[PDB]
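Shown here: the complex without one of its protein chains, the others still in place.
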Amino acid sequence: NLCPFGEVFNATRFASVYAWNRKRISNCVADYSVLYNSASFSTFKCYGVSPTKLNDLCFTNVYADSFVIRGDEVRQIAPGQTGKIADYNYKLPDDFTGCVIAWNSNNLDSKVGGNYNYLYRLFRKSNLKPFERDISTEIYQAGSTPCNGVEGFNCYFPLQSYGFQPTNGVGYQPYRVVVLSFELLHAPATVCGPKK
Amino acid sequence: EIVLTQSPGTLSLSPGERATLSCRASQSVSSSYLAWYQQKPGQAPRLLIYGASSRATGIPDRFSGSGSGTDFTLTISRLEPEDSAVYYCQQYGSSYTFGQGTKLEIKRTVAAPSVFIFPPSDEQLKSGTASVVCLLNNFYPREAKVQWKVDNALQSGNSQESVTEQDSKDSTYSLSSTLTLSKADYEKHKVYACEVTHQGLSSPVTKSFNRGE
Partner (left out) sequence: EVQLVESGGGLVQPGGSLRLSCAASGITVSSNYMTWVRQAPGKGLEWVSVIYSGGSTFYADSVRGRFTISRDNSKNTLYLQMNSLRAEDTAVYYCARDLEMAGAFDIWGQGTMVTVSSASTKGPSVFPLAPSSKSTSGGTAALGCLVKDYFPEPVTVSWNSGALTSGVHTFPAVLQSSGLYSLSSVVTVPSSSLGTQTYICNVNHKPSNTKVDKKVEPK
């Protein structure tokens, strides 16, 4: 009956930010104290909630979104931000009620020669809506000529590899992000901290 | 911010030689975000290499980029006269910053200048000033001495020079020196002379005219 936060945080490999994973958390008691009382997280920003109280509230549903981005891009995982990640990969809403948790994962997600697993979307015509997920690999038409599914000039693959190398500057190293959003609806609450 | 320092500031190499240009970043950048541009005189920059090692379209294999971390290199083998330009490195991962540039000059055989002296026009004299122009054409190397003499008096504080950029085809330079006097001071003297010193000349060459002749 304890929420499977370890399945999310301690997962062996994370998803690419363009294809971010979402785990629905329900029918469990949370025990957020394992998270906020850890020295491993370089980022623990909460919005609309106080992290200390978290073991004394209930929410009707909890979502845990996880992905990997650059260290310099963690600042974009926040309400009202812009940039490649917030515009084309993962968009938080302005009234986001939840917490953003990030930590350096250079030891796990970087390979000598470059880790070409983790991708981000570079080309898109419009910004994503909040919590929108776009996994299309359609060739991006940058000019007036149609692409017909063939890469070329003015016709680019929309995804790019980070190529995480262990010797990158810290801002260029991979960071694992977990975004908890807390739902409050007119329905029974099925996620609660231990105290309540 | 990320600051890119290019070394050296100037290069002077013979055709067929190889040019090694360096770009050093104040902090490490991913090689995926480095670029090299070439800028010829009076023209927009032209992309040579993106992503450290990738050649832009139409760029011959003669250009090759390399590097990692804080250090990136642009190499131009088999240099040709039209490689004379200014070369910029750029990073586009953390914002967008460029380096100050490395000016590549292409050497050639020593070429003496051809010297022409131009008296002021009658139309300009009517206005009240007299511009005397000396032309040093098609020479190499760049160092030239232009000495104005008026009735054999050496003139100082009196003239301004302009040097063309290196020609993309014959690797030469051209220089103009302009002596500016009032109509009154111009009519005060007779012989106006331009004396040119250059490595391609064994002795200084003087072009002169007598006023009103």
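General remarks:
For clarity, chains are labelled A and B in written order, and residue numbers in each chain start from 1.
Simple rule for what comes next: a residue touches a chain if its C-beta (ideal position, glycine included) is under 8 Å from a C-beta of that chain, and two chains touch if they have at least 3 such contacts.
Between the chain not shown and the residues A:122, A:170, A:189 or A:192, the one that touches is A:122.
In the complete complex, the hidden chain is touched by one of B:20, B:121 or B:206, namely B:121.
Screening B:32, B:64 or B:84 against the full complex identifies B:32 as the residue touching the chain left out. Contact with the chain that does not appear here is found for just one residue of B:163, B:184 or B:191, B:163. Listed residues B:23, B:135 or B:150: the one in touch with the omitted chain is B:135. The omitted chain makes contact with chain B at the following residues, 32-33, 35, 37, 39, 44-47, 50-51, 56-57, 86, 88, 90, 92, 95-101, 114, 116-121, 123-124, 127, 131, 133, 135, 137, 160-165, 174, 176, 178, 180. Listed here are the chain A residues that touch the chain not shown: 82-83, 87-88, 122-127, 140-144, 154, 156-157, 160.
The rule we apply is simple: only the chains that are shown with their structure count from here on.
Per-chain Cα centroids separate chain A from chain B by 52 Å. Interface of chain A with chain B (complex): residues 72, 153, 163, 165, 167-169, 171-172. Within the complex formed with chain A, the residues of chain B that make contact are 27-30, 32, 57, 68-69, 93-94.
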